[PDB]
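A lone chain, given as structure tokens: the form deposited without its partner chain.
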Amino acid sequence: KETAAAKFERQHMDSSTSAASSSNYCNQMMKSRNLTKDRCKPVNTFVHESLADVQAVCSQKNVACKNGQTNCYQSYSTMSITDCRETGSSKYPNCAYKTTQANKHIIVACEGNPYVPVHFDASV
């Protein structure tokens, strides 16, 4: 079965490109990462940095999570990310997304032993 850590990697990691993310990037990525299978996931961020660099965020700046939990961490450096947001006209199963590339600090929640990212909270 898929671990929480593995799900984070599937949903949020894309180390292969520096940013490139064509205007088609989210339409393609959201489907293939299985985020459009049961419904159109409304909002999802992919991070274009090495796995070790994203894992390292769990030992960086501790900040409150949006839900009030205390186990969120903000990257000291900006990171290459792509935000995917479902369009107004998108209708399941034809999930359609706007693709927006940015360099921002990421905030992730970390859990477990080993202590690793399990949830993408925000970018700032």
Contents of the next structure:
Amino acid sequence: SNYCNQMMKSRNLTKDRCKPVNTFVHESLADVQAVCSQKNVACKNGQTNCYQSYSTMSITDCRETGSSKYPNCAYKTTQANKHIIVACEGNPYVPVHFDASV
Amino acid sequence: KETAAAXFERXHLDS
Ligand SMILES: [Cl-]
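Take the protein just shown as the form deposited without its partner chain and give its structure as the form deposited with its partner chain bound.
Up next: the whole complex, starting with the chain shown before.
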């Protein structure tokens, strides 16, 4: 099956439900973690602990189809190069939510 | 308990 359906289930996003949307980043972990010291921007929710990558990154967007329902979740796969925006927290100060891509 | 950092990785990283 398509990348979204397969990886959604493999990663335990869709073994127990169907998630409307999820994004996967094809960069090294350390290059994603590096975003938490890049450009500070507001989060969608207005908190201020979000960070936008300087560079675009390889990303796959997965979004449920209109008819998709558990257990037979169904996704549309869209691949793109886009900047990512992550929320960071902690010591070490690392990504804890994927806010958006642009 | 899975931490928030590990959650993000499992959901969003595919290097
Ligand atoms: Cl935590």
